[PDB]
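Below, in structure tokens: the form solved without its partner chain, a single chain.
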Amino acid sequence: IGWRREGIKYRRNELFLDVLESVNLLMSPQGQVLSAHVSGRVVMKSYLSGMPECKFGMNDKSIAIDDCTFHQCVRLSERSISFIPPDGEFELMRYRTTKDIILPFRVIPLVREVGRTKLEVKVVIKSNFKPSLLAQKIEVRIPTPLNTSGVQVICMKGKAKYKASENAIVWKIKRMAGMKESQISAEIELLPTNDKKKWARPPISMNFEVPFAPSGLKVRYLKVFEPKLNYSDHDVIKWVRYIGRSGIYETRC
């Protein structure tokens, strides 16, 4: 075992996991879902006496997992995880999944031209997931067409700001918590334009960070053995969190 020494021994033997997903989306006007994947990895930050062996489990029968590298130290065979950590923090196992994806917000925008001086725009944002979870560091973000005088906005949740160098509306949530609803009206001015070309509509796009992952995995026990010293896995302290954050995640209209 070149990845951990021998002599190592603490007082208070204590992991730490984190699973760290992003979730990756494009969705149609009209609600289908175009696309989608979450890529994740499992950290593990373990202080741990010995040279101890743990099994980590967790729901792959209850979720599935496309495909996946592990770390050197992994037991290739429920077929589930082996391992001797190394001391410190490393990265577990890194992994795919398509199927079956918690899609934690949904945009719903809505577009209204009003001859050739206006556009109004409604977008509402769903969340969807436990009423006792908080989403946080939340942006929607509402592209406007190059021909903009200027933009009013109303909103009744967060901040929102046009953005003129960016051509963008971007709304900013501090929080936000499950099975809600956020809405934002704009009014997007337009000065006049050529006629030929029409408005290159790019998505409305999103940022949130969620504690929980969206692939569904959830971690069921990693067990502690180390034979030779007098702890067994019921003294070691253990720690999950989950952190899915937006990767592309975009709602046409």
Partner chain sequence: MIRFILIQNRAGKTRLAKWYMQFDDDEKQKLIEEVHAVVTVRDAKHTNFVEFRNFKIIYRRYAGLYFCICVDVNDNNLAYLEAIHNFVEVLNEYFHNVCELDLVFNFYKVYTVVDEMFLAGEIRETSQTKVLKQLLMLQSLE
Contents of the next structure:
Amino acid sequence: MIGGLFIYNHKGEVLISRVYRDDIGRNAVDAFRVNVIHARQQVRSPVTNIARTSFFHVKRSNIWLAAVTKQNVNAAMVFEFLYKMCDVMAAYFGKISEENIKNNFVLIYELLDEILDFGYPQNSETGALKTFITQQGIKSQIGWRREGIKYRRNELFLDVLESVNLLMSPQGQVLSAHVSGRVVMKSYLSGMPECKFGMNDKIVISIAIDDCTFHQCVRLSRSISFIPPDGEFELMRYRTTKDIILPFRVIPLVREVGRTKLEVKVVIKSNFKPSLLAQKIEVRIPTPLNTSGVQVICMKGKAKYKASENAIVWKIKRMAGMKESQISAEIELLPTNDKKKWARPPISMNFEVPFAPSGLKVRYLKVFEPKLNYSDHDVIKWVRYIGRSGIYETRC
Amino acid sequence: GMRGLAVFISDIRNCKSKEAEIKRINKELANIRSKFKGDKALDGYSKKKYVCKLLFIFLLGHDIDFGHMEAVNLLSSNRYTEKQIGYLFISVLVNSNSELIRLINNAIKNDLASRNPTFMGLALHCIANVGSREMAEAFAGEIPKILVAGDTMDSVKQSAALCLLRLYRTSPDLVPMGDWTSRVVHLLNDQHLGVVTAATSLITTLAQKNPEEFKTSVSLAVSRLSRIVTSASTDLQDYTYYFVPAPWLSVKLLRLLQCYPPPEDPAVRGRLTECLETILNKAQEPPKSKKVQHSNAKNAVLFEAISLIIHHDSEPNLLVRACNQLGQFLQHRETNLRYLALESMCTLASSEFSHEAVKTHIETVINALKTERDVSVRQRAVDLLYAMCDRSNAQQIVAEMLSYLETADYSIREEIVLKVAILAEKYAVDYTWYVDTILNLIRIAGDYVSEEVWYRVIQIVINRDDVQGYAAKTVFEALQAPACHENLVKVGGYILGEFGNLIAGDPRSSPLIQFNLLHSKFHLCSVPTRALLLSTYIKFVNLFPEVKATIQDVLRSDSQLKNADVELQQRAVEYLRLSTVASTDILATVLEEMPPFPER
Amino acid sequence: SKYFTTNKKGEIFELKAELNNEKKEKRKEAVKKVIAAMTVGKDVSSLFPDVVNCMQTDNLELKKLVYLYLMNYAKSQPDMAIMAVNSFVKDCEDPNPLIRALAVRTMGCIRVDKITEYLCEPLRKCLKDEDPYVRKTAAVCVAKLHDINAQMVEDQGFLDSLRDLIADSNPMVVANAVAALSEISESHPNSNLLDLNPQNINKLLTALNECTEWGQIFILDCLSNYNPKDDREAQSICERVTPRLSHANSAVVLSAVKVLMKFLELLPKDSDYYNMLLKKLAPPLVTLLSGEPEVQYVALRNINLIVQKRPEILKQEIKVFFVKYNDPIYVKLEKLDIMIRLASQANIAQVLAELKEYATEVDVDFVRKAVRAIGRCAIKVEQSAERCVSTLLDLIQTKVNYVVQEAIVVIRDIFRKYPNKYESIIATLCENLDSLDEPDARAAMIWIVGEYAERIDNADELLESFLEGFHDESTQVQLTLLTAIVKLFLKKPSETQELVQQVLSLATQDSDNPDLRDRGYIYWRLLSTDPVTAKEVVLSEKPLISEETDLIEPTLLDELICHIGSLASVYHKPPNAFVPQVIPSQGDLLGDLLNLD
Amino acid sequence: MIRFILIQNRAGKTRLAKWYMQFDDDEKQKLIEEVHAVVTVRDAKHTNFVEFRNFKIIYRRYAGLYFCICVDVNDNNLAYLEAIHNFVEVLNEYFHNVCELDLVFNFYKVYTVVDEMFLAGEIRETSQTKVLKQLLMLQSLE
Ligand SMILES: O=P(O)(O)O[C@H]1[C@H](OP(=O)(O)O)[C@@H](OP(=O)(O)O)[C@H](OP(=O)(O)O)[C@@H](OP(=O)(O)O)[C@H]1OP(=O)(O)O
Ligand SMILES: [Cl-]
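Mind giving me the form deposited with its partner chain bound, seeing as the form solved without its partner chain was just shown?
Whole complex next, starting from this chain.
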């Protein structure tokens, strides 16, 4: 039935676990960690199959509770149980948190072998359980808007604006990556509206640090609510480092032929939905300072060598997701400077994409105005997602 | 030492919750702040311990916003244990307060100006560890003097040298090349190898922008290296690590020499050659210990000597010897050694004196990849095959890449598929080889195949009559694995629509069998794929009149004519209509063999 | 080498001394600290004799702590935990129900050869115990042993023991026997455990009330497995099952529902009772949608199936499937599906008004599907078509880019279901030609202009503009442009020869797509050939499409309906799948896992 | 050069951190996490070298402890790998069969050992004999 109960922290480290059948290995854990906890482009569903193994999960605060099995289980049973377990837990140590899990390892094991024999949900009601449970839980505990604003037509605009940065090895290892973002809000709304905003759980509230800063108008307690300034303002600003969607992969095949020629082939792969177009794409492949000349052939877009720049610059107007293109170059060298071999600068890209590389998605924006006549259904709403390259570099 | 310290630390460990941990830390902070602020003076023991408790708390993650003044007092103590702790605190907790900085510089000055090497070393380390401009400005001028004075102790010279190096990296303008250069060079002749080691790190950095000024180091560096690598068991006992004499100083001397060209004095160049050959020889000797530490220490030196050889690019016998030794590492327990051998060999491939030697090891690389477990090693094996590939190599390398591909992981497929296409294009001997390669590529790993690339292969096959029948059979026999790649159905379906006739006569690849094979894929396919198969199927009504009725059957069906997609619904109708309303002469006019592509 | 291994000092040695202290509160604290350690990855294997000695105790909390530790080894290192089998045999005799159950569960979570020897006799004793907490455990452990190798005829003796256990004083005991059993029975042999079971049903259906939320859930699932033979056999089972809602909101209901659906269709369709049961099932399903989100999703995925099999049941209850702005996307989307399935002439008024709500919200993904949903509604109910198309026009004039481009793709499928009926609109659509960047939208405009060419005297300078950048166009867009421009020829052979040759020359001479190349030639071999005979193949009337696209093969559906509770009812797929093939491209495959549809 | 040195346990807990480059505390915190995520994921099959940001890391584990040196891309891997081991042997001698708790209770002393062997991002003294002689002279002082 249930083949394994795993509890992960916000890093996808397994804090505590119990495996109830020998099918479920180290393999199952990694699957969950990679394909759900660090899901990049996939839209999460409470249930997931990978490699003929099913994964159920609930998210509590910063903790992931997962259930795993390789059999045609009763799906509803699994989820119900998970809420009850969360019921039982929260009545020993309150908030279901990394901290509180950590402090209650011994009890948690205890609870598990009672609440669940061999993956079969057993009676798990709080009053009933005293008899079986020896342990106790370790517990732990305006001015920016003006009065009388009227519009014929109540409107709001949200812009999600992201810059994506990357350093990648020639073998495609992400050496480092971060996104810097902000949501800009432009609102012509009557009166003094309270707004309730909702997003996916991407943003957590020279070394990039995961941070989020909100406008002075923003309250917290899930979601966030504010009465917005009128017109245009920055609702929030943020930087993230995990689970970034790298829209392009650059695959370099640079080959030094003697000390006189240089063979350069570069392939770029777009890695997003097929129905989406990236634009203003440039690839900037550097050349050595002693370059006699260049023959470049490319069959998408156009390309040219620029000596003052010591670079080949390749331009592409549009590229759809899941496509591939190639440039190839042959470069001539005259090697006066003897020794001190060429230290290769990285290949860099520009591009713009109609999505947020961090994965941020806007789920809702509710407008409620207490005095005045209009309501949320009356408010026109546009969102836009602009994602841009920052320092997007690949070693070659 | 400090009972109160152990107690605080063990109290912290016994905490059952982060909440309790933070309670016990706040308690200590109150206590420390009282005592620091209080009427009673503290004995040094207490200053020492409490400063040291605050540092502990800093290292646990919490903020420390007082204490600095107390640790600055400890600097002026005459008790080592008190200064140590004071100096450790200001090194790990640096504040920008310009009174403290001035105060800390006095403390330094006294310790430097004492003649106590223990106190000198604490101050020297502080400078090196913090490295602030204010410190550079106070002492950068003095440090070389300490370093070259005939009376300063060895440890103080070691520590002065690395301090000077840190200062040179943070504050070059405070480190002019004065009169101390020759004597810093002279240190390479010190009896104390720790001193020699330290000086070498400094000179290497200094030699990067000041080569002419330390040009004399080459000769000294070479004669030191050769005495080290030939010295006996009972020589350098202090600096012998798992039977390998001065491995780290060796490495460092080989690294200094990469700042210069081959030695200009023929004598010196000769000694260096005997030197490098000795190192190469030792690689061929068996282990003196089976502990991995011995071979690693030995091989560190070997690898650094290989860099020097590559950097000089000037002795073909050493470069070849180098390849061959690396080639022998490619069969090795150590993933470490495999990794480094392939990496280093990639370099050697791009040199003229060495390219051909490397090609010699093709079989070994291919066998290593074939069995290799570590992904990063695999990757480097494939990079090597790419690097050495040429007109001779190409068919073997490509054969082997494709073979490997048939059982490869997913980890590595994408890059190999890419390399196969590119090499295929650069080095195709006959259009049939190219065709046989791509169709296979597509058969095994078609999911990573650029659309452009299966375009090419479909055009070649049109423009050359000789390979069409081969291409048809390959695709057919490929298509009849129970599992296959979608691009195979694209490529396969097109080739068969256009040339199925050349195998239709075989009774095991008949028109009926061809069709039903395709059709067992149809409804598992993408729409453009089905769009193609609807074209294939209509060419089949024409070429093979015998099966027109089963095909018309699939065209009249709901899933085709009431298809939600425009192309499919448009094709299935157009095609049924063709087969129904078109004269046979008409049908034949429309679905003739396609004309050959233009070559441009 | 062996550095940092020493066990003469440091944390392990400190814990070893604390494990031998003769104050038990200090030993208890040790074993906690040790367990805490395993969990963080420390090697604590050396402490094993010392931890095992702590079992020599009066104290319960202490003994139980040592067991938890041993359970940590049970799975991770099975050889480890075997070392203490002999203690488990004693502790299954010990005169405390709590300990008996503790020694048995643990014996059967170990897995090697040498488990059989020690476990069989003590399990024989445990299924025979005054305490139903011991027999509850023993039962589940019969499953555990079965999973351990060997057919075992004595195990076949336990297979009886389990059956005898289905008849028992305590619904906890019976419940777990059954769940052990149905799991056992599935794997591996077939037709096992078959009983007349009229007593069994009754024993289970009396059990199924006093039982805890878990006990029933297993019961029902097992029950549903059977095939009755009569009306009145089926009947009274159904009335017995009926009180179940909502014992335990989630799965108790859906397991009842499963049962009541298999047997339902075996009934006469009389109304007498058949009709009552069908009216009963509306309330409990609808109430599931007030649960937690995960469980909603499952219930919706299930309802979706149920609605195709018996559209009757929830025909009246479209209200509950209306979207709350704060539901998860997965619960939003599933609901949308069901709204279409229950959409009916009576309800379009509102549905259509709702979909307009959603299509104006800030969740792009959800917006896009909502316009599709409006189109799916117009296709579904012929009376809605005219109102839908109006709503879709409204939205297009709000100018929201991603709303325009979806709406228009929908509009084409609508023009296709209702030909020669919305022509007037076409100019209202061309007002927005500039603002289309997605490839689908473009093709929907293009195809629209290809049909209905003659309605537009300007159908020229439109299709001209789309040639300009004929590459950098989706090959879908090129194929549509090709057919639309050969549609323009056969329709208006005047200014067309310009276009027709230019477009046939690109497909035939430029584009490397061999499929496109083929199609260009094909048309070229009709058109610049014989004006007449091409009209019939191309302009021939194409039939009408309907929304049997969503619907599941009735054959399959029945299979899935039999699986109502389970994963299979979530994936909508036969078990043999997730428990002849074409492997899609990485382009295709990565693409697919983003299509919310 | 050596950028920084870490000694960490399986849990992610730092027991020594020594920095030879300017970093903010947030930054150091971040790096300490990142190093932990990289190294704890590799089994005994992997190399002891791995690229890390725009540097690379050489590491080995002893019992529950990871020793990690972050160095420049062009530094000699095996040399630093044995530097780690040489360091560990000095620790083992100085603390008489070192255990993890020796590094906790004597944290301040560990910095002395490190400064003797490494300084300003370079190897300073490699002689186990000399380093101990010095460390034991230090200890006897008041
Ligand atoms: O000043 P107190 O609040 O009384 O605290 C005492 C004590 O001073 P007392 O002798 O007056 O109890 C210790 O001993 P002395 O240094 O004064 O001889 C001191 O130091 P040590 O245990 O390191 O020697 C110790 O530690 P700390 O102030 O760091 O907690 C601290 O003892 P308590 O922990 O029992 O307060
Ligand atoms: Cl050395």
